[PDB]
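Peer 1: Got chain A; can you put chains B, A', B', A'' and B'' with the ligands on it based on the hints?
There are 6 protein chains.
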Amino acid sequence: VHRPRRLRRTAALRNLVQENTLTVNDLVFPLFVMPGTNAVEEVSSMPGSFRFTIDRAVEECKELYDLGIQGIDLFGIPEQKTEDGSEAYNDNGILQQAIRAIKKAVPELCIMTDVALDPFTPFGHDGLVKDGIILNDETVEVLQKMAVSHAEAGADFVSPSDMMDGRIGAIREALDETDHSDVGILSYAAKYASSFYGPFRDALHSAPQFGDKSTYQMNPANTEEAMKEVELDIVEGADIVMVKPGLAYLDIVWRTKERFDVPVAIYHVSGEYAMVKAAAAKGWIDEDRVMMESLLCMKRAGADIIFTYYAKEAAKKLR
Amino acid sequence: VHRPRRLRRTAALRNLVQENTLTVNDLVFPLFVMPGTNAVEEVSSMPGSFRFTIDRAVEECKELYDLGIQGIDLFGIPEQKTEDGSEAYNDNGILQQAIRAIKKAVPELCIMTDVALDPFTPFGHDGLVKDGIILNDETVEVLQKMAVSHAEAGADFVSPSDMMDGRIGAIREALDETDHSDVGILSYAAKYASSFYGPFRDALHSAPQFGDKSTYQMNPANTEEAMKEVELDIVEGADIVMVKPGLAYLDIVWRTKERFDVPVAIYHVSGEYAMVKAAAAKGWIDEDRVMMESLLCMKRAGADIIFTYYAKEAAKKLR
Amino acid sequence: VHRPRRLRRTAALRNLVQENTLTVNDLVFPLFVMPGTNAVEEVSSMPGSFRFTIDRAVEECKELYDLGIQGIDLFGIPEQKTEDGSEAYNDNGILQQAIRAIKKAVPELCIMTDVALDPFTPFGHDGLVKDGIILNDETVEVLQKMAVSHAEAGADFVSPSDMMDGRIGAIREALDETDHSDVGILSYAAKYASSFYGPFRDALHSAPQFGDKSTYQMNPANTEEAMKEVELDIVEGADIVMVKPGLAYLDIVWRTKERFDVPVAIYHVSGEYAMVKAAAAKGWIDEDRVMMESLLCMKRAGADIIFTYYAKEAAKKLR
Amino acid sequence: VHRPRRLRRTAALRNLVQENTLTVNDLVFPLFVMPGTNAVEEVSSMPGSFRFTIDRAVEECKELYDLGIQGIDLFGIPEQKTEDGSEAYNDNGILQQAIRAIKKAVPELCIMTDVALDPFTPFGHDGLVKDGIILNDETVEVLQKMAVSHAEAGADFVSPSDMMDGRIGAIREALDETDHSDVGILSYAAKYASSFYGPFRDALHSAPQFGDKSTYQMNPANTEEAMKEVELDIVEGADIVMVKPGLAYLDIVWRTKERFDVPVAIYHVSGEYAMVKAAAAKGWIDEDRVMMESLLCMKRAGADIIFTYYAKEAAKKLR
Amino acid sequence: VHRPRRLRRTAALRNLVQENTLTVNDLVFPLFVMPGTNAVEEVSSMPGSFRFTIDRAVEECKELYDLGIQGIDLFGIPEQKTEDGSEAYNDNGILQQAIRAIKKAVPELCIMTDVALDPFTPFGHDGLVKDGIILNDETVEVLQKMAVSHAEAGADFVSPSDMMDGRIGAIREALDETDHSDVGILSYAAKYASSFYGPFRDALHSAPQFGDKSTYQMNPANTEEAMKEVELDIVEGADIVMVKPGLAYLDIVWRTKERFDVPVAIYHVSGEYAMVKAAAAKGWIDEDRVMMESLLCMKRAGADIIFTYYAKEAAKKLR
Amino acid sequence: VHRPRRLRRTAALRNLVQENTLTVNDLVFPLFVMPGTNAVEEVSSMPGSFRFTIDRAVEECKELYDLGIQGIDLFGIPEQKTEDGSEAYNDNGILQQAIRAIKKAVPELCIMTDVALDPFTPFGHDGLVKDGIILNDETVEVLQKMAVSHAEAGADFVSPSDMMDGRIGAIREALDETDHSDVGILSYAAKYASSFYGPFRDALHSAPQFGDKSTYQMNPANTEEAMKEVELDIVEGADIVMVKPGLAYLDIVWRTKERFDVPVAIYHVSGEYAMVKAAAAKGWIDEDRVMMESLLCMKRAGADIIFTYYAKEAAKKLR
Ligand SMILES: [Mg+2]
Ligand SMILES: [Mg+2]
Ligand SMILES: [Mg+2]
Ligand SMILES: [Mg+2]
Ligand SMILES: [Mg+2]
Ligand SMILES: [Mg+2]
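Residue numbers (the deposited numbering), protein chains in the order written: chain A, 10 to 328; chain B, 10 to 328; chain A', 10 to 328; chain B', 10 to 328; chain A'', 10 to 328; chain B'', 10 to 328. A prime marks a further copy of an entry chain.
In case anyone wonders, no lab produced these hints; they're calculated from the structure. Please note: incorrect hints may appear among the correct ones.
Copies of one chain are not kept apart here, so a pair can be met inside one copy or by any two copies together.
[As the list claims (entries may be wrong)] Pairs of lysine-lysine residues, derived as BS3-like cross-links and limited to a Cα-Cα distance of at most 30 Å, are as follows:
#1 291 / 325
#2 113 / 139
#3 291 / 90
#4 266 / 308
#5 112 / 139
#6 291 / 321
Isolated chain A, as found in the complex:
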């Protein structure tokens, strides 16, 4: 009676019944900005990735928007790192600047700024360290200061990736109090402590990791906890919720989709990306086929948005 192959006999039928499709509007492009003028830097562990100066960031975004890309995620590489990470909320920082410069040249691009104290502190953690402890409530306080500054600079969205407890609520409360109740918040709800963040550390020249971040980042073994985390975030006001990493966490994505009916974002981390790059370089796989497909999978798992370093290459492929 049943012969599933009937729906595969031809590309037409296959084309007709396909449950999911990937589109440019599903892509968000991370951007690493640095101090200086007229300069871009190839990232060693991330072939194809780059550190941009602001003036070069603007140049890129201009190409981005023209290719279809709808938003990016700004990472700020400060010249100096401190223990109190106060540079985060300096309105004259590279990040704030880039925010300003970009919003002006390509105003129709959704700028999303990264919120975390890793690139600004000398211990490799996303929060303030005291006596070996990543201080929770104290870190949010800076995170708040930080976020408000991004808004002041013209940030469209903020994306706290800190995994500190109850930071989405505090941050949202601050944005409201400074007339920024319209700036969205994309929160890293289910960010796990993963061995996939390798190539990224070197990308922004972040201080030595110095002890895992497993005191706030999630245990990769855990699922139920992801539901606990997301829910708390939505209740706090998160406009969108994200899972990180992505490729090997598609079950966490599907689950968030089925339960919360809020937009769901996912991160194609440096490792999954750098991994396909290295295998292709040896001729063991197809860069194009593998990259795109793995994006399809993220779409089939329920993701709506996808932070991917392949974002620009995928937009040309869909052009």
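Peer 2: Just chains B, A', B', A'' and B'' with the ligands now, with coordinates in the frame of chain A:
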């Protein structure tokens, strides 16, 4: 705390989180075929809709596929009508000849053929009429022959729209018995007796409708019964299932998609088509906007394939 | 074993098993009031629709109630439009007046008043515009002022159709503070930005649309968002929740029914209405069959109340 | 109030509430067998992965079981290839001889045998090719013989990876017909057409792939179809069901486990394996960490058995 | 078609498909401390159980941690009992002391302290008694005082087993106010009034029971109530929720697992433990087989943590 | 706001809302029958449990029914054991003779007979042993004969406890084939391989257990498999389904009752019985309290019928 508008502030943002999009691969074009050579007649009640001769129809398909449209729904309009409606399964019928020519000229186009005795009988009914009674099992025996015949000519798919009991099963058996287990079946699982069918009858030269098809077509007040019908056909072997009509039956489509894990199809019926045509002709509505939008709504509801007379105008727009 | 047609063999059985029925109590009649005396105006894009003077509004309602209709929805057409739309909360406005006049003559009719700043502002939006921005929190403030005035005038219900964030809560808070905790609130929970609102603009002589309302009105592609919207509204205190438009959004209606167990309303917008009018005028469909049936569909989708310009014609048909 | 971090403050706490752990009893080791005596060849695209002769393979198994690994997946690589692929069911085939020797040397090791015509045919396909068509029912008839043959040699389990329609059923019948109702069946229920299979083909000396297996292998965009496929096989008699590939299809695995109450299996495909190999060789990722972690993710998703080329390196690590 | 035994034919397969496993990290070891130096006491009704002096408690924990055990549960046996049970929050009590001494010697062990006024009051109840009434809100007040002291002493977690209403919220509020918002709370959510607590009374030399505790402890007949209880606790801030007793309450454990997605703990009470001890002493059962298995059952029911007096013997068995 | 204790303040209140109660109609009494006349032997490992001769057994039943107990589970203990275990279906077997005498003396007592080859074979197994293999289909053929034989003697019910594949089906067919469609079937759907069975073996003079029954009895770590097993038997025709053992498998019982809408039965196994016996004999536990309570827990979990050796002591207590 919450502010849904935050996801609407900007085209970018709006483009990123949009839950559904419409694509060319969602569209199936109804093609009306008539006897004769090199000719075309617009349908009075369906502006921009025409009947084609085989020659003209083959060329049209060429333009169809070129635009990306993946499939067509072949509708036959025999020269003579009979009470036993035997022409339906004639190897030289105008329909059959269309199947043969099309598959040859445009092999890559998935050809779905309509299966029903409506255009082949004088009573304007989808089945055989005895004494004011539209016979079920008798009618099905003529449908089988029809389906095989269509398969014998090169059909890729048949779409029984009769609403006879146990017709999907019988047909699936006949098709397999004649070495056509590769030929799928698209079942009008839930076809209601609607007043949304007006303009269509003239399209094919209908016949003394005589009474009404409410003894086999479903009452538009019922939803549960639609779940019974579909489950019955899926159990029978239907590869795909369709709801008819479409615009005003999106709740049935959402229910279908939500429960049966099989491809779901909807029908942008003639009455829906003409209605935009008319309103637009008065300047009360924007034809292109309402048409495309109404297609979107069908995607939002859970439809994978859309049988629409606007198929060609959408493929361009989607181009 | 199974033969679904057994339940369709006769009108008796069909009559017995029918899942849903439409009744007069499912209908609500919109009423467009204007300044002046003894005068009614045919609406160009809405054949059968009219602008009534108060004295003629009262005359109509008297006929309405006698035909069975249980409530109407008052729209107020001011003589002058301002940027601050302060006329909305003028207790001497046409709307308030009509409220008073009607409540007196036909006190047993549930008056529902429209809350929005579109007919009162010169930019064609339902809220206050500043620098191209439809101001959210500022608009509610007027909406509150407005609502309280409707209550003071004797309004039974208020129906904010503004789609501003968190207006149901604010409005409800105001009604309570002014001894109007008994006045209900029918909120347009899931109001989409649609191409179906065509003929309505001209109806009330509303200022040129001047840019879509997609910054607050919902993306027609979205469903999950509709659940997010409704829930927020119910939590805020909405007595009833409505979806708009209706005909092509029946999946949004069914979904709200199954999830929230609060009364569910729907809108038969000008487009769906004007659409059946134009098609019938060409003889392409049956005005009666199409109008009523599409109302049946709304009932089968789960709607309890139905704002329809056919309300009066449907009540005669059910008389 | 809430503070998820409270469960992360300490290794103890973290160890207590961890939802999932990975064990040696989750692992199944793919073994590639080739003709000849005392020899071994590493796979170019799969570092640390080798082909074995029967003698070398028996010894390897000894080391396997000693490490706790409970099962193996025997892969055959015949000397000569044919179009009817008859060698597949030859009692003296290199595969069969491996089954016989292994069960004798290490009886306590559960031997699962691969069932597909890929290594036995020149077209590099899993079924019989007629005229560019991969035959289903014909191919299945050769699979049955294959399965019985394997059972006749002492196989404990067969794992049809062909993706032919109704193959589990046919095989289960053949096996029972020859007194092998004790021989289970591990079905590749949902095997997609992925670009994650690159390195594997060379492992066995693949053949003119010619076209693509997207007429029987599933489209990576679909999830619903995966539920259809599995349910079909469980209904057929499959003792266990597998998803392929693995890392990027964890949503399919969670869905499977969540709905079918039968043992679920996943595949750490070659492309996934090599990808860590490559990245690690560059020093971008920690090979041991990513490998083990990715295995964990598969446990978190709902996988019970893992076919992984890292099986031996995990058993040690888990030791 | 189906033969479940296929998955049991061998230990390998059995080993592969096993749904659940018990691990050291699933075990928590209760510890009874008493005043004095260099001394341990065999518990009469709990063969293998002991009362430890602090210096001997430290000695045990040192062995515990080395065997794998990740946390213990401290019970404090005061020399004097009062009616106001003020000794509970004496920072110089045996309990506080033991807390201090243990944290120092084996700092990497998760200390969990018991919160209740039974060992500190002369009426055998877990709260303050007035006129035959176990005072609810007054008892929490002490419970708060108590908890804060445990935190001050260095307690990792507190485990209120009092079954007083709304004590998890109050206690959590106190810990926060005294800079202990990082100390977790394992609450006895569903603690029933059971005949299984026999041997435990004598263990800590608790005052005569003097009337059941059925005025706060749960009716063993009740299930729905357990859902009511847990939910209230989670909403109050409980990090983990526990059911007590365990062996004959596995349905209450499974239910809490499926509903709340918070970590779930269970208690192997003195009775279930002392029961297996007595039956084995007569040669009527296997101490080892019965003890371990019943722990497996608790794991299969959904428990994550298990307070068991066999904890040390089970850790050797898993070593 | 909330205070669950409000429902515990008083015996009245507690008695009113109690979710479950235990009744005499929940109890089924296992009866062990042996050859000979007028004699009785207490079981060493089951104090208060005895074996009866037919005469003594008939009288016991008289006392049973008088106390309200509605049913019994007849256990046979043949004089001689054989490898083909043919005595099982001997019309003059000690079991059969018991059936005949009982039904005559106490017709109103529902007689359920045990169906398994354990007491009838020397290998102490429930099926036929060939070469260290417990044969399934062969064993079932002997079970059928057994069941019919029992029905032929006047049995009201048979309770296959063998855990053979497809035995319920075969037996149900045999029973119907011999005009016994009125004879129900109580299936040990989910009987685990537990160490809770110690005392029972001696009760019947077990035999060289030789190995273990883990090739047909279920692994105590699994729950999903229990759902597979039950559904399989219900599909086969089992009137009722049982879980074994009981106390420590209440999660399986709740799951059963929750999903299958068929009567559910549990088994207070020997190891559970003796365990209270022993602890009570030491004065560590109150035997009457723990016994009755543990029965309650079984009612709370969803059990309708309880096979317990405490049946008679409960009927009195419940009297
Ligand atoms: Mg969080
Ligand atoms: Mg039907
Ligand atoms: Mg809203
Ligand atoms: Mg399949
Ligand atoms: Mg409580
Ligand atoms: Mg079974």
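Peer 1: The structure should be examined with respect to each hint, and the outcome stated for every one.
Peer 2: Going down the list of hints, with the structure as the test:
no., hint, result
1, 291 / 325, "both (24 Å within a copy, 28 Å between copies)"
2, 113 / 139, "between (39 Å within a copy, 21 Å between copies)"
3, 291 / 90, "between (38 Å within a copy, 28 Å between copies)"
4, 266 / 308, "both (11 Å within a copy, 18 Å between copies)"
5, 112 / 139, "between (36 Å within a copy, 21 Å between copies)"
6, 291 / 321, "both (23 Å within a copy, 24 Å between copies)"
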